[PDB]
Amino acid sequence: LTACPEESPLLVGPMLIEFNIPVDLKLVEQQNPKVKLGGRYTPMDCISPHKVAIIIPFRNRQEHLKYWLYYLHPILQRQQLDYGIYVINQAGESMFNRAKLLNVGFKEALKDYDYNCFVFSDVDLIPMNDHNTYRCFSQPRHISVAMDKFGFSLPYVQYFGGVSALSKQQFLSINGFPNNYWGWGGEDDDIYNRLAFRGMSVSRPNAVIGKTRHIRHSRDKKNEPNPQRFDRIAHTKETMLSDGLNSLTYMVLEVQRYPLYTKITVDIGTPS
């Protein structure tokens, strides 16, 4: 074989993305016969330099996930990526912790395969153009840059929520993500602070190819706005070495290897 071309000959460009169509995981599996157990795929005729673990924070979002899988699997294959899908399921009924779930996905995926790239994607984001490559770059990559719920633009230049990608070294560089953000908000801003403090710039595709759709939804119970988030963002420079990968504690309760993804149910503790 040889290295995969910088531009895949499979890309179609702009895509029609909607969430009313009846989707079936059996059908999705049937439509993607090259997707191996656990949501793993590898280009047959070229060597992908990108070994990407796609981490999805999850609790009670099976319907959103079904649409995510339905759209992403064809897209990711056309992008000629050596990838695997990881759905990190938070057990219990405590406050939701998006960032801690992402940390779990990082460590757990590394236990399966020597990934060198990590895409962190919300379960409800779908790219509208397959040129928006779900891989890592020389700088930390922000992927969901032109979401429809933000009028197809950035709400602010520091916005790092939604979908993003850090290489293994980039991720380790900032001691990963915080674990102390319980509830909604601020954890993405905190992560942006970490990248800045370690001297990294954010890489983004243009607003045209970075158009993504957000599945409109109501707030999940136990994901209410965190009142402490403002203070924590203020002190990111102090806490990023005391809160992250080096302080991550969790308990894997269950692992399930579905055809289209690996589901890891974890106990990540409670707020304090």
Second form
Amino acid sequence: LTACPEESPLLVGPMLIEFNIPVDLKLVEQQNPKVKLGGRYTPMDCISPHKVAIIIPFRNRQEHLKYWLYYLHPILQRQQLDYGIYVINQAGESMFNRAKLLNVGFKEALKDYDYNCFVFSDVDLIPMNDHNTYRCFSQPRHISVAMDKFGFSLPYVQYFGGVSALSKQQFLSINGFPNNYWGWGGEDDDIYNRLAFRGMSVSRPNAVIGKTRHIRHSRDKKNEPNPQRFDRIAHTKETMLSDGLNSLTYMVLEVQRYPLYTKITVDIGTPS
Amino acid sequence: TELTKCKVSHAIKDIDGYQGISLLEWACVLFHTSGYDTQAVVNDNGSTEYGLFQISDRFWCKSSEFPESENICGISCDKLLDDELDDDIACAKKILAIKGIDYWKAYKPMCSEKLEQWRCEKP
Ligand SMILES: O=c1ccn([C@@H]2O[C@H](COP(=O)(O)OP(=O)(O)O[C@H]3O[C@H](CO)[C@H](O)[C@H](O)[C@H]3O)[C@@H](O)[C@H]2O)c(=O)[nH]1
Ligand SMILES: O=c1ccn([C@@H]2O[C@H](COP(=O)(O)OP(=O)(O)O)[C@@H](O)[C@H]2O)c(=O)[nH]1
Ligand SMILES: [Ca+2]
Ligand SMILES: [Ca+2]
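Can you switch from the form deposited without the partner chain and show the form solved in complex with the partner chain instead?
Up next: the whole complex, starting with the chain shown before.
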């Protein structure tokens, strides 16, 4: 067999994304016979150069995950990606640390496979157009560019939240993501800063191809806006050398291989 | 209510240039400060910040949680949680005159460059 085409012939373009009918992961499995244990899929038709680990920070969002899986699995297969789904579950009830969980995902996914691309995605964002490929590009890729919760318009040009993708090399280049952002906000801006300090720009699909649906939800406990976020964002230049992949520590409490994904529950410590 | 950048820019026009801060800078600061939500309520701890401008009950408005507050703006913090921004603006001006733009921590890190994207072109 030969390399997959630059653009997938299976793409359908815009899709109707709704969270009305409840999801049955069992039906989802039935509807996705080709996904292997642990949420792994590899094209049988052609050879994909995109070995993608899709990393989702998570804690008490099982209902959102169901919808995420229901929509994304069909989409990713249509995008002809050799992918694996990873849900990094934060054990305990300390402040949520999104970026640190994303770093855990990076290291843990690499134990399973020779991934060269990492997509980091909120558990509640679903792309509305399959032309918005969940893979890596020559420059860090911001994927959820047009979120319905922001009026289908990017909130600010330096915005890197929601869904993004970094090749393995781009990720290594910035010493991964920060581990010191506890609570909501700012970590995505620190990551943006890191990428910019290493001379990279942000690649993005246009706002039509990048339309994204958000699952409206009440705010979670233990993820209140971080009071130190603005002061931290202003010092990324210096803290990125000492806070990242190179200073990451955590304990794995459990690894679950389900047919639609791998869920790693980890103890990532507390604000220090 | 979650306002839009232009709704905000139109609402706070009177603050343009005050203490040297432009509308573009304010549009930027307010997005990062409260996401343009007039009902935003957030803590650091022991104190709470209200509305579009995230005016704190520590020294600026009086809240039931801290009635002893200096209440420099001379106002109930609940008046900072509605869609009438005139009193929020007068309070913000006091903060600007007394403490300065540094009260808003997002300014420096988020609003020192690429200010043009914050422009409102709607008459
Ligand atoms: O209790 C929690 C808290 C967070 N999350 C995960 O963290 C993501 C983001 O948290 P929220 O949904 O509460 O925050 P926002 O919707 O306001 O998300 C935005 O702000 C975050 C700021 O910290 C990130 O930058 C994120 O990528 C961006 O889309 C969630 O989607 C989810 O994947 C959980 O699973 N459980
Ligand atoms: O690929 C999958 C993943 C999950 N499940 C179902 O989802 C349940 C819960 O999974 P998990 O432990 O991740 O959810 P949590 O208990 O943490 O809500 C399982 O027991 C199954 O009934 C399934 O059928 N297929
Ligand atoms: Ca969300
Ligand atoms: Ca008011």
